[PDB]
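Quick heads-up: it's one chain on its own, the form solved without the ligand, in structure tokens.
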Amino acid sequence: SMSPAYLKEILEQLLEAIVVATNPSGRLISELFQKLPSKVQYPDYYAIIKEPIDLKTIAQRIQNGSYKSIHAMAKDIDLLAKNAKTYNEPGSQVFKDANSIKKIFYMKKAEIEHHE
């Protein structure tokens, strides 16, 4: 049973891996995932997406100690990606970036959990 302090460091490392990741273009994969869209300008989004989430919210949850396991953060990352892949058309760059974020997260998780 790792301490809350140890868990936090792990979660921070996972988030960092996501937010520093770049595409071949050099663009940050995380760019369009930092902040949810305006409720005023994009009301359709909130009618369609039942549980909105963004990277800012996930970061806040890490700081709040809201997550009691790496799994809980992982489920939020899954949701982050699922929502983008629900509201946005497949093949789109946002769709691709959603998957890339998951790939980065789970690769980093494995690196951390399996290193010996």
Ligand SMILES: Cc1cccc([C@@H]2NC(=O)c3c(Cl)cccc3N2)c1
Second form
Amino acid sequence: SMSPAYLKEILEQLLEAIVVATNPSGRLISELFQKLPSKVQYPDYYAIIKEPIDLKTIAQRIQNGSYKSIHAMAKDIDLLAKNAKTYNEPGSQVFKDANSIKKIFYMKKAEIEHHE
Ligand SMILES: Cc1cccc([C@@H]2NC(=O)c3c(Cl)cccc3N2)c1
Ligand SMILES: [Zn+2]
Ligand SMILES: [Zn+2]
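Having seen the form solved without the ligand, could you give me the form solved in complex with the ligand?
Every component of the complex follows; first up is the chain already shown.
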């Protein structure tokens, strides 16, 4: 039974792993996922994506204590990737970066949860 304070530290470590991850070229794969697109300049996004989310919102939820489990933030990471893979075309760099973010999150989650 983790305390809220313990859980927060785990969630912060998971988010940290996402936001420091770089491609082989050195670019932060999280760059384009920090902030949702403008409703004014990208109105189609909000017609297509039913539950928009970004990394700033996930970070806010960590700070708010909105997540009561690692699973809950995992599901928000899944949603982040699913939205990018719905809106942006397959083979787009945003599409691949979305899968990479998921890949990094679950690898770090396993490292944390299984280390002994
Ligand atoms: C118009 C356009 C062009 C290039 C990239 C995006 C990108 N697509 C996302 O789905 C996304 C997610 Cl999930 C979270 C935060 C910002 C995002 N914008 C949007
Ligand atoms: Zn396990
Ligand atoms: Zn250990």
